[PDB]
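Chemist: Single-letter residue listing:
2 protein chains.
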Amino acid sequence: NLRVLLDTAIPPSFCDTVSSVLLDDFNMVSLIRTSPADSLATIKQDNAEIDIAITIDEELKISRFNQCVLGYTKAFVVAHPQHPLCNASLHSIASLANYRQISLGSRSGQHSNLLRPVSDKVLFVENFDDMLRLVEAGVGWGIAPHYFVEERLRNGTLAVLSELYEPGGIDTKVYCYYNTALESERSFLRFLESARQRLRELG
Amino acid sequence: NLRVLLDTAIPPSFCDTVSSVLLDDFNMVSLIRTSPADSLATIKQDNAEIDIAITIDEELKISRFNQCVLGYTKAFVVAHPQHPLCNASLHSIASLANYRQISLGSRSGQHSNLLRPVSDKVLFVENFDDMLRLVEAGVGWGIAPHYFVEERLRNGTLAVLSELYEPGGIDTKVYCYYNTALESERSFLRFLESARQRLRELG
Ligand SMILES: CCCCCCc1nc(Cn2cnc3ccc(Cl)cc3c2=O)cs1
Ligand SMILES: CCCCCCc1nc(Cn2cnc3ccc(Cl)cc3c2=O)cs1
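So the protein sequences, as listed, match chains B and G.
Count along the first sequence from 1, then add 93; that gives the number in the UniProt record's numbering.
Count along the second sequence from 1, then add 93; that gives the number in the UniProt record's numbering.
Each computed DSS-like pair below joins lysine-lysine, with the alpha-carbon atoms no more than 27 Å apart:
#, chain 1, residue 1, chain 2, residue 2
1, G, 137, B, 214
2, B, 154, G, 214
3, G, 266, B, 154
4, B, 167, G, 266
Footprint (simulated), chain B over chain G, 3 or more residues, beta carbon under 8 Å:
#, region
5, 155-167
6, 277-291
Chain B side only, calculated, beta carbon under 10 Å to chain G, not exhaustive:
#, residue
7, 162
8, 182
9, 184
10, 187
11, 211
12, 260
13, 263
14, 286
Rather than coming from a laboratory, the hints here were simulated on the basis of the structure.
Quick reminder that beta carbons are idealized off the backbone N, C-alpha and C, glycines included.
Extracted from the complex, chain B is given alone in its bound form:
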């Protein structure tokens, strides 16, 4: 049984690219969703017996776990279109520290450099749905995956703030953390090259 972790920031397209390739080499494959804020925390528990984690979160070295880059994905800073910072100019790019942020909470209470909130007005939530609910209600701003806000943006329910900070959205590495055992096994190298190559060939 190969236990596999995908954080909720991972696009579900990318989730099918992984779930597919693994079944080629593997008989039993358990798939687990987690907050990006809970991914690395989870795999560090020996109980969880996680073998592969696919997360946007970064940590320099982990016990018993190697890192590598599967690919890249986009994130946007979003707010209610009527939200004060709608003009999205460079004064708003610094004003975020002053306005309320809807940030992902972590069970572990702690946050990485990456997922730590930027403002002092912070309101924690377990997932991106709770986040964008509160953001649709002008309660604050937040950083969510592209696939979570693709719909609402065209439907005018949400606006972007990030385009001056980083045009085209915020490029974000998807890391593959894998148990050191797998580093030898060909079936794992298969998964890497396949998954990787299948996201190059899927924009």
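Chain G with the ligands: place on chain B using the hints.
Modeler: Same frame as chain B, now just chain G with the ligands:
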């Protein structure tokens, strides 16, 4: 006088893209090179009176300074081709912690998460030339900009270790740190859009 900092990790192509655009709006423009390890340390001294810094290094918020992304650039982990880890397989991807790394030193003695060395066998140097000199002599491995190793790689003097960790080289954001004053001034927005757009249109 507009004081502008570019770390040595910034490609010199990208350096001409900046040096060009600024002269359109600005009369006096001082250009300063620095170790990526010394960039953010430098701009935090009030004496330095730096207005714009272009560096790969990251820090969440700085006093009096806003962040944004000008673009992306590539880095490789390189070694002498005869270096033990030449086979570049996934056991070598974890063995780096055991082999000697030629890491950039910082005057400030401190390092960011990004530029902190990975191994315990570390030998510090001031610049990428000292690094790749020692690396050509099989003394250890190091992470250098693409433009620093483009030559030596084709000329077989150096080999890559990174391609399993991150095929195509290690994607690296180039940040623009700018004094909060500039956030309003149109001439600065000019520089952003121009510099940015000129690196989209220069691969
Ligand atoms: C005008 C300032 C805008 C920059 C906001 C500060 C940033 N934060 C980050 C880390 N970060 C966080 N939350 C995510 C959620 C989802 C996804 Cl897909 C990515 C990410 C992410 O990269 C980068 S950029
Ligand atoms: C098999 C493990 C290989 C990963 C090595 C660990 C990394 N380190 C980093 C940060 N880092 C550092 N030094 C640079 C120098 C020059 C340039 Cl252009 C970039 C960078 C850089 O990103 C990322 S990846």
